[PDB]
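A.B. asks: Spelled out from the first residue to the last, the chains are:
2 protein chains.
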Amino acid sequence: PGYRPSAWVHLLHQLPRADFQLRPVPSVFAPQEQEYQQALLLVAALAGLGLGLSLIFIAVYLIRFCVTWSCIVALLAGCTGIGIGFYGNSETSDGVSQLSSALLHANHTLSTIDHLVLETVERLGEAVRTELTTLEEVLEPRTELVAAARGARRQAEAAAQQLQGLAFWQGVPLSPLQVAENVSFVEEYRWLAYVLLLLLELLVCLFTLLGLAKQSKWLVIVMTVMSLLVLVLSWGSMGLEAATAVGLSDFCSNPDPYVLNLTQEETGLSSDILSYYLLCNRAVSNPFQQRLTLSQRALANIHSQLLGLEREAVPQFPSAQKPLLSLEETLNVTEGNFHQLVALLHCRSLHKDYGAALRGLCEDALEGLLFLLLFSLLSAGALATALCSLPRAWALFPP
Amino acid sequence: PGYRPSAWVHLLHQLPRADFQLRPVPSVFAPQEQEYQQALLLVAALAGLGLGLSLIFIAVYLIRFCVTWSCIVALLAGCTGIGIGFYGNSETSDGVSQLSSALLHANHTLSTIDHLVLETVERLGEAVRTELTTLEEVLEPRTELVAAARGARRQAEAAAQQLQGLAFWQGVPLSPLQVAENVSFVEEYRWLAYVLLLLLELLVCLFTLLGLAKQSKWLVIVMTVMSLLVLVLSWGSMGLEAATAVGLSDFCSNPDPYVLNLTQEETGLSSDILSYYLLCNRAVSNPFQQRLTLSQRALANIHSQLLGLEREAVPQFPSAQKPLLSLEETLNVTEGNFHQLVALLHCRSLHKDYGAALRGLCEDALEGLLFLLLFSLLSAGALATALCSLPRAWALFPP
Ligand SMILES: *[C@@H]1O[C@H](CO)[C@@H](O[C@@H]2O[C@H](CO)[C@@H](O)[C@H](O)[C@H]2NC(C)=O)[C@H](O)[C@H]1NC(C)=O
Ligand SMILES: *[C@@H]1O[C@H](CO)[C@@H](O[C@@H]2O[C@H](CO)[C@@H](O)[C@H](O)[C@H]2NC(C)=O)[C@H](O)[C@H]1NC(C)=O
Ligand SMILES: *[C@@H]1O[C@H](CO)[C@@H](O)[C@H](O)[C@H]1NC(C)=O
Ligand SMILES: *[C@@H]1O[C@H](CO)[C@@H](O)[C@H](O)[C@H]1NC(C)=O
Ligand SMILES: *[C@@H]1O[C@H](CO)[C@@H](O)[C@H](O)[C@H]1NC(C)=O
Ligand SMILES: *[C@@H]1O[C@H](CO)[C@@H](O)[C@H](O)[C@H]1NC(C)=O
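Residue numbers (the UniProt record's numbering), protein chains in the order written: chain A, 5 to 70, 90 to 422; chain B, 5 to 70, 90 to 422.
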């Protein structure tokens with residue numbers, strides 16, 4: 005099936021970006037780059053200019069002055104906005120949780136791969152030791168039996184070498200667990216902060232409602248400054264989350280060799296492996312293919328040689344029965360482990376995890392960021408109406 | 005990792021259920037046991053009883069009668104409730120969409136296995152034809168070359184016979200695509216119905232606000248019966264969704280044996296296969312292992328004597344040199360296809376799809392159903408307050 009970028013991804017991608025140092029920008033995801041970071045900060049600067057324009061407009065309205092139902096409508100609009108904000112916060116938290124689970128499963132898969140390789144090599148080594156025991160048991164050097172034993176030992180050594188070569192995550196500094204725990208850590212703090220902001224806005228709205236119901240002049244003016252502060256906070260939150268959404272949408276564009284380049288810089292793995300596990304198409308062939316065949320061939324060869332020692336050596340050399348059964352059991356166990364490894368070296372083992380990671384990072388996270396945008400716009404409008412209405416009614420109380 | 009039942013599913017599982025015929029129900033998911041169906045209908049009956057009690061209480065309130092700010096507070100409470108309803112509808116739609124996507128992916132996987140097995144056996148048949156070509160071009164029957172050719176042909180036939188049985192979804196009547204299509208179909212119909220109900224309640228709330236703001240008595244009495252009807256329909260929706268949530272929670276608690284039995288009754292494949300792909304733990308073992316353990320031998324075995332024809336027949340039989348490359352290419356393609364098949368027969372992919380299906384069906388669907396429960400409760404409370412307040416101030420409207 006694959007991953008299809010959403011409509012919002014292309015809608016935000018086509019947006020023109022500029023810088024005061026140099027307006028032309030490639031509009032291509034590139035962290036640790038001056039132009040991209042400066043443009044993303046300029047987006048928040050534009051949001052701050054919107055803050056300033058709203059403040060000037062409300063000040064002008066108040067100076068020019070210098090209906091309650093409008094205030095109730097504004098606070099109901101704010102309640103709808105904070106519901107949208109709760110939805111968006113839950114959505115983005117779910118998306119980043121999906122991302123963290125994706126890297127957790129990726130680490131589990133890589134661990135399982137290199138692990139199974141490790142004990143497969145260990146079992147092959149124990150098979151080599153028991154084969155040495157069999158040769159020690161072979162006192163009379165028969166023309167064919169010792170040759171079969173030597174061939175089986177060489178085949179076991181070759182299979183051990185190929186299995187040692189199969190492991191690819193061994194010896195890389197990067198591990199997904201360390202880059203998933205930190206992202207979960209940051210996401211937890213971000214969710215906590217936005218939940219606190221949402222609760223503060225709910226308290227502000229409830230204070231407005233209580234002051235209107237109680238007809239308490241004091242309450243109104245006391246929390247008007249808090250309303251102004253939460254308006255400024257919502258404006259700045261819009262700027263920050265809009266920059267985050269723009270960056271995320273630019274990252275989620277259809278071409279993604281950026282992830283491949285970043286991983287090749289960080290882990291240092293060859294591009295053929297990374298291309299295979301990040302594309303999983305018929306154009307890219309398995310980098311582990313040939314080796315995976317060779318080892319299995321050796322294994323098959325071993326079994327054949329084993330049957331020889333099973334069909335001729337056992338009646339002549341009865342003491343070799345138990346070690347031969349030991350080799351047979353090791354062969355069965357290592358063939359099961361080899362099948363598990365081959366199942367774990369396919370694209371779907373990790374390409375599906377990467378697809379789910381991108382799903383959580385775009386189809387969930389970007390939608391959550393847009394819902395935070397809608398939160399910020401609705402909250403700014405509702406609080407502007409509040410600072411336009413409540414002062415017009417503060418002194419206008421019957422007592 | 006595995007599937008971990010949540011707290012809500014365990015909380016709803018322990019609830020006691022009763023039936024008018026036979027009170028002690030086993031409280032075990034069984035869509036074929038009648039007592040289960042009457043037990044689930046009893047929840048909707050209890051919700052209807054709550055409807056009746058609320059109607060009696062509001063009628064008593066109006067009869068005993070026979090502040091607007093309370094009405095505004097109730098309307099903002101209803102706005103919060105319908106926001107919760109939006110969230111719950113989106114959550115349950117997302118969960119059922121995840122289930123449908125998992126079922127579609129299960130189809131795509133199984134189709135990949137059986138189509139790939141068909142392609143592999145056809146390629147082995149073409150290899151048999153080319154081996155017959157080698158046999159006919161072998162005019163002089165050398166004591167070793169003809170024996171090697173016969174052994175290669177027999178090994179190819181044995182490998183084809185062993186591989187012909189791998190496809191376990193070739194003969195089953197059930198198709199996951201039809202199940203996914205029908206569950207989707209039902210899902211968008213239910214989503215459309217609930218979206219229409221939510222918009223109807225939003226219109227009711229907006230009409231309430233307009234009636235209070237414009238002091239239009241005529242409108243309020245006209246839409247009072249509308250509010251009563253939406254109250255009744257919300258109570259009925261609460262009953263239906265509560266029954267659905269109870270059933271889903273009772274299912275999600277230890278669903279593996281029930282799903283295994285249902286799939287045994289429908290597909291009728293085998294005990295070992297379904298248990299393997301629904302458990303994927305260490306205790307369950309590969310049922311295809313020996314099968315695969317044979318095939319990967321034969322193909323590899325073939326390669327051995329292929330080198331014989333490469334090492335002795337090539338200088339003697341340049342005509343045989345021509346199709347030997349074709350045979351080797353077929354061997355390479357079938358080895359790649361066999362590795363793909365082995366990667367496709369591990370429980371990891373299908374059990375991962377099943378785990379995602381259960382995740383969407385429980386950890387998302389249960390949350391959606393409980394958010395619908397909250398929607399229903401808050402909507403019932405807000406509408407009860409609305410029918411307790413609006414008749415008071417209908418005639419008390421200033422004009
Ligand atoms: C997540 O990553 C850590 C760090 O890599 C895993 O710890 C092991 O680290 C060793 C290094 O010698 C590697 O063999 C493997 O990467 C890891 N596996 C084991 C147990 O040997 C840690 O176990 C990983 N956690 C998960 C989810 O598997
Ligand atoms: C989904 O299942 C259907 C039905 O099994 C697949 O459609 C075809 O089904 C017939 C027999 O049922 C077989 O020829 C193949 O299993 C399918 N052939 C083709 C060309 O599709 C369908 O392929 C499955 N997968 C998808 C993605 O639809
Ligand atoms: C990959 O990244 C490095 C530095 O991170 C950069 O120099 C290089 O140009 C990138 N690759 C491509 C193809 O742009
Ligand atoms: C090899 O292991 C498999 C495990 O799937 C088992 O079924 C089979 O009997 C074993 N072979 C022997 C000879 O014990
Ligand atoms: C499986 O289902 C059938 C009918 O659907 C039922 O008769 C049988 O008892 C079930 N299995 C178990 C173990 O209960
Ligand atoms: C067999 O297929 C592999 C996979 O691409 C390839 O690398 C190898 O060269 C092929 N063998 C021959 C003899 O061409």
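The set of hints was computed from the structure by calculation and includes no laboratory data. Treat the hints with caution; some may be incorrect.
When chains are identical, the list treats them as one kind, so a pair holds in a single copy or across two.
[Said to hold, decoys possible] Here are the simulated SDA-like pairs of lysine to any residue, each with C-alpha atoms no more than 20 Å apart in a straight line:
hint, residue 1, residue 2
1, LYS375, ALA22
2, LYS237, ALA190
3, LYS237, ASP117
4, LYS237, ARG152
5, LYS240, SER124
6, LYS375, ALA100
7, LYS237, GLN313
8, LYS237, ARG334
9, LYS237, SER93
10, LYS375, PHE208
11, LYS345, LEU396
12, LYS240, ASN355
13, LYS375, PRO5
14, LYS375, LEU410
15, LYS237, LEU373
16, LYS240, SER113
17, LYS345, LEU168
18, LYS237, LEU19
19, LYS375, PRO196
20, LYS237, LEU400
21, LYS375, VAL47
22, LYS240, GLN25
23, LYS237, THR91
24, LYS240, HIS14
25, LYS345, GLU163
A.B. asks: Which of the numbered hints above does this structure break?
C.D. replies: 1, 2, 3, 4, 5, 6, 7, 8, 10, 11, 12, 14, 15, 16, 18, 19, 20, 21, 22, 24
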